[PDB]
Amino acid sequence: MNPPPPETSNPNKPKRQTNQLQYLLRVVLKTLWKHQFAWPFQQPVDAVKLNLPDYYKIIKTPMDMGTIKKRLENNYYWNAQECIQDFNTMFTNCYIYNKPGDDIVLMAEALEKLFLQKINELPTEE
Amino acid sequence: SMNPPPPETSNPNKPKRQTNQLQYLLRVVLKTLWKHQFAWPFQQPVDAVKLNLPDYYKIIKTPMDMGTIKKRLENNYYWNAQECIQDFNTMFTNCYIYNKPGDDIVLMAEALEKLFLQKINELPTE
Ligand SMILES: COc1nnc2ccc(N3CCC(c4ccc(OCCN5CCN(C)C(=O)[C@H]5C)cc4)CC3)nn12
Numbered sequence: 043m044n045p046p047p048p049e050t051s052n053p054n055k056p057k058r059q060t061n062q063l064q065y066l067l068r069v070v071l072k073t074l075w076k077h078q079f080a081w082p083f084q085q086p087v088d089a090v091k092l093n094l095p096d097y098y099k100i101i102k103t104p105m106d107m108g109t110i111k112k113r114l115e116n117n118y119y120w121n122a123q124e125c126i127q128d129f130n131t132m133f134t135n136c137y138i139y140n141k142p143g144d145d146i147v148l149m150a151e152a153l154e155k156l157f158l159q160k161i162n163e164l165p166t167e168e
Numbered sequence: 042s043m044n045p046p047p048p049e050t051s052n053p054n055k056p057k058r059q060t061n062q063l064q065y066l067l068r069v070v071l072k073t074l075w076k077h078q079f080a081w082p083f084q085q086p087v088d089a090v091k092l093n094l095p096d097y098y099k100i101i102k103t104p105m106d107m108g109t110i111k112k113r114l115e116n117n118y119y120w121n122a123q124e125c126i127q128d129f130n131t132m133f134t135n136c137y138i139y140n141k142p143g144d145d146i147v148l149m150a151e152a153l154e155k156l157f158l159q160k161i162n163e164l165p166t167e
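Chains as they are written, first to last, in the authors' numbering: chain A, 43 to 168; chain B, 42 to 167.
Read the hints as simulated data drawn from the structure, not as lab findings.
Mixed in with the good hints there might be a few duds.
[As the list claims (entries may be wrong)] Simulated pairs of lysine-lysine, DSSO-like, Cα-Cα distance not exceeding 27 Å:
(1) B:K99 with A:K91
(2) B:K91 with A:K111
(3) B:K76 with A:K111
(4) A:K91 with B:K141
[As the list claims (entries may be wrong)] Have a look at the derived ranges for each label pair, beta carbon to beta carbon:
(5) A:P53 with B:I100: 48 to 58 Å
(6) A:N121 with B:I100: 40 to 50 Å
(7) B:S42 with A:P53: 47 to 57 Å
(8) B:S42 with A:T103: 51 to 61 Å
We put the beta carbon where it would ideally sit given N, CA and C, even for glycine.
Bound-form chain A, shown alone:
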């Protein structure tokens, strides 16, 4: 079976609105979401619908852009690095599960290149 999706809102966690977190939602997540290769990464991997019975035997830290969008909206992250780690986990999971050079891996590699271009333009803390 599929696991429940990652936690996205926690009222017990402290919250802060910052220019780096705003950039991650308004620029980074927005740009990646609209990319031509984003669709398979917009929601948690549905291992049942996709016939991947070993997906959650191999990937114990699933991550997807729909979860990242919700985390940003709900002030789940205190630091930009926590959000950046979730984007990195999403790409790494794809590289671990799939064979190198597969179409899905080339999609993730292109999204990662675009992500890293946008993270180089992360504004300095105000």
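Go by the hints and put chain B with the ligand onto chain A.
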């Protein structure tokens, strides 16, 4: 390389008619396939530029996709149900030709084709 222009979906010089088979192809066949979990790569012409497939249109000279078939049905472009069925078959076979047995995209096309064949076996009598 550029993409070719998409297949024509409307031609005001062609005659038009409504048939129970053409209605069934839009209402039942195309609608059922469109909602399938693996339909999304087949819902628009193959954009070889955005998808980074430089040899696609060197191999596939009769491109076809469900977005085009849907528009053809909505524009009364088809006179015979056979023309619509041929377009679905062209779409699947193009996928089998460009890709290789066992590729994820081919398994997606095979699942759609199985459903298509089930729905076409119940095509109403003219
Ligand atoms: C008619 O289209 C058409 N004709 N020739 C072609 C040639 C390639 C091609 N495409 C490019 C590849 C794409 C695609 C491939 C696999 C895939 O998922 C595999 C399962 N995933 C699920 C999601 N995550 C994040 C994963 O790590 C693993 C577990 C998803 C999309 C479908 C479109 N389309 N194409």
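Original post:
Okay, which hints does this one fail, numbers in order?
Top reply: 1, 8
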